[PDB]
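In structure tokens, one chain follows: the form deposited in one PDB entry.
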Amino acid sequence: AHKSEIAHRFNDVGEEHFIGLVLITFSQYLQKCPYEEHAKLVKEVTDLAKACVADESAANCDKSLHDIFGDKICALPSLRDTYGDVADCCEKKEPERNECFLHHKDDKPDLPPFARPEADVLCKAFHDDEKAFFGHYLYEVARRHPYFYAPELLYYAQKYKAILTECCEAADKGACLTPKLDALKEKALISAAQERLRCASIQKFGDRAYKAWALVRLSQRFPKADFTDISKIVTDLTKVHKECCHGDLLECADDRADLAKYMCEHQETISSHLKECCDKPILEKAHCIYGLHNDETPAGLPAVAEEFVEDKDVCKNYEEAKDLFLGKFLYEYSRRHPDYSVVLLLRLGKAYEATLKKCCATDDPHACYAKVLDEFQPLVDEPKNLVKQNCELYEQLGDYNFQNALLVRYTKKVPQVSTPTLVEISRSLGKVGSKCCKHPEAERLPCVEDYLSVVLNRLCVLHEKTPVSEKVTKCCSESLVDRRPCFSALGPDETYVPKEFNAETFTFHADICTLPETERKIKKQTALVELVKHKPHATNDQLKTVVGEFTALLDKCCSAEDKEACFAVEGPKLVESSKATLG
């Protein structure tokens, strides 16, 4: 506690961010309330802050940020809690009142997807009022991604603003703007996932999990750093994400900026590469540190087996100080290994731990553990080959079929997962190919596995509240590190009773012709999940034949003049066709 937290935070981060952070905080709790309630609490909360800044003894100035946040939300029944799904929470005081709000964060609130207006419509909306425009935007992203790394979101606001400035006075708005914007959106969709996994890891496996994973990553990134300095960054980063993940976004943003200050302050003993982040303005600085390229591995690194197979004191260290020593290991194997994905290193360190567990209980531990590292080869080998195989098949099929290949895979693995979920995940899984195979072989594993780790996690967190498949609970619950293996290991389900031919899941309306080719794809891809759900022993060619025909229903019927009639004309004949081609 400061004497007035809200003031400290307000002076620390500044008005514009502070408004930013508070908008996001609110957007994130009450994701279902319309923009105007939000702006209301935001300004209400900014007013109180400016007030406190002014004189620290004003009323409410001593309350915790939660208390302030809470109170304001309960003159939000003043704007009818018609939903009010969590008016329950307002009933209790803290900390329950707050804990309660976090329970209700929803990872897929029932909202029309964030819609892209026409290049021109964006451009004007942006010309008219920057404030409102990016308010709405912060509002809209934050509420679909209730765990989105807040500070980065502000960053994305600042980038989206640069792109808008760029494109909104080109002779053609759209062509300047839509690629640059898709690009960035795909990137935000990744960051949202990354952060989601950090939170998931924190909340469901505990601080140690984010710690461990963090140490590994930074060890690869900052190979030259002593283990002391990597630990401090890890502990600071833990705090920031614990905070960010828990809605304490202001403290999180302060703590974050504090941490980047520290690294910049200490770049010499951390990394050469830091220079190019540390000159930058506040958010590009933290952004830049955040996805910085790995430094090169220091020269003169002793073999890893001196310290870990050969010290007489191997068991003495694992026994007397297990965290200290195993972090050391994750630090040392990791800094020596930018070519691995974090989760691979995590697994390795995990095998390294069981081996010592098993071997230090012997009369001869060394003789037991001596091969420990060589025995890593298999674990290094399993994903190595997998990637080569999958990128083979990516190269072969191309994005759309690579996604289809996975939809069909996945829907067979875990058919009880709801369709749009399966459609979503398989598209993202698909995305890995396009994302990583392009890199040269050695660069790929990290790219792939850690990307997969984010996507699989999206699957888990989607699957969590509305849990339907033992197979996914198991893989999601059992080990964070071994998730991907586990999902890869899944073959066809042997329990699922196949779905019935629902006339409508292959039915339509003129409206779907309003959907860009992209949305149209998801529609066929939903058709295809449905179809494997109907007949799972259906051949690829069979499946390809119906999806191909479904593709041909659209291609005729969204013709110049009348679209409505055809659907009703071929539609049922297109149903009939499909049942025919399958059996």
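Positions refer to the first chain, counted from 1. Here, rigid core means the biggest group of C-alpha atoms that superpose within 1.5 Å across both forms. What changes on going to the form deposited in another entry:
- Rigid-core fit between the two forms: of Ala370, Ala510, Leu490, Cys288, the one residue whose Cα shifts 2 angstroms or more is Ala510.
- Once the rigid core is overlaid between the two forms, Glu16 does not reach a Cα shift of 2 Å, moving by less than that.
- Once you line up the core between the two forms, the Cα of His537 stays within less than 2 Å of where it was.
- Core-aligned CA deviation for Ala552 between the two forms: 2 Å or greater.
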Given for the second form:
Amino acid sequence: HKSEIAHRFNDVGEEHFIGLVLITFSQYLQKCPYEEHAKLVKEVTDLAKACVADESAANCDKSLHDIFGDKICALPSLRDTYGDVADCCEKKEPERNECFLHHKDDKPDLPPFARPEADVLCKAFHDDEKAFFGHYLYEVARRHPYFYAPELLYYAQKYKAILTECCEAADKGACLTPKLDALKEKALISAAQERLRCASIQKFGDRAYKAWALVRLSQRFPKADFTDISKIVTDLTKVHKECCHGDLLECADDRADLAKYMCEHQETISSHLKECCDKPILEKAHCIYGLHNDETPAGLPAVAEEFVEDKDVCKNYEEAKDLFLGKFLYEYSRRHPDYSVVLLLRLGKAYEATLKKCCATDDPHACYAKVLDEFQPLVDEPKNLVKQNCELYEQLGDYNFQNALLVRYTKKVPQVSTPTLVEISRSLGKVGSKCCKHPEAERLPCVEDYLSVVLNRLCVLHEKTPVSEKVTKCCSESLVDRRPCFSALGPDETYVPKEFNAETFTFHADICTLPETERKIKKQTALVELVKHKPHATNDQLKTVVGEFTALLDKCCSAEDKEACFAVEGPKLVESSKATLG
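Coords for the form deposited in another entry, given the form deposited in one PDB entry:
Here we give the lone chain, stripped of any partners or molecules.
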């Protein structure tokens, strides 16, 4: 393997190679049209093929970054399409590659992912599968420039499974949509989980992600020994570092090598692996990625005996910190399948901080004897929040619960851009729908782990154009304390309210063309803007002025001439709003 391109082509096979290269280009160049990307893919794939034939062929010895780079720059369009991706080809490797990476956009300016009509969609699918899935991987990857690439391949396969079933049946849409919405929601959660893994590695270092993986894998495979869970964490950290950095072919090859390793060792890892290890490669790794927890081995000693009683606690911590704190996370997490990963990391942090304090005293055991008892308040803190918010979710339902959170978050961090506030509050709402229904003991980990990915999305959206200082502080001070940090924010009483824009409540007629989902987004946008104008208004005053947004909408979109309805109701809403809010 002196030729990388040949080595990856041979390892992943033509079909995945082509998909991974398409995703690679789609993530780096999110604005470029499909045609350009398919050209680059063929050019790279032709080069791959020339090298597999004869490793001595021209460019066969380049790095994958060189090859992607040399194909990108030779392309006619880029400098006109992009201002600052013109900039990058003005560097050499590794600077050139690093540059492309920093331009990845977490919210590229693109219209929503078009879901054509059921028969239309089924027709495209039968017409030309290859073109259909190429467009699919492009449209998702460009909108989610850190999506776990091997998993995006899996989603394309699932999408094909769903189409194959539904497209032939008597009603199309009726079969299709509940499945395509299930799939979309599962893929969005996948993208948000991977975005958190990349942000952990990139902002906080490999160790931030290794501790998170150690905890999760300890809980999933508690019968595995610390050595094996450690080897898996190491390999997984490498896989995610590669995928998060755009080394998609290496990431897919390494992930497939890991799945193969775990299958070849399943007896000593988990009996639950047999489900997965019988499947084809993408289903097999997907299955492993989300596998349900094994049962805890019977007969494990009391966790106090290694971590509080052993005379060598301070010695171990001082002489081999990561090994000893890793063993702490492995032992505590395997014993606690029903804690969120983040709580287990916060307990790991408290245990560490207690050792740091206690081991510098005359009597460390006297100092840290109660360390494990001192966890309970941390355990109990996320409980009260979950119970109060899940009863509010139960009572208000999705739409009003989202509204409630929208008003609460806009008052906490009112400098945040309205689209971000809307998107985050809507996501925080979906945590209610996903989590509140589970038995109480599964609720905590569901909610807490889900809130991590939603807050990380807020942090990554805010990172690029920082506008609020509390968000910068909560996002930058920790990974694991982000949720308590945001929880503790009261209303910002420092923010100067915005004065009243006429232009905020009339969006011409294009609004009349929007599906139900988008109308609600528009209402929610108006709500955020009302809160930014009048942060002290009552919930009922807010609702009223939105109710009157609901009217001016129904009115012009019930009326023959919406435009003339606009002159009559648009300012008049300026008026009725003054009446209601002052």
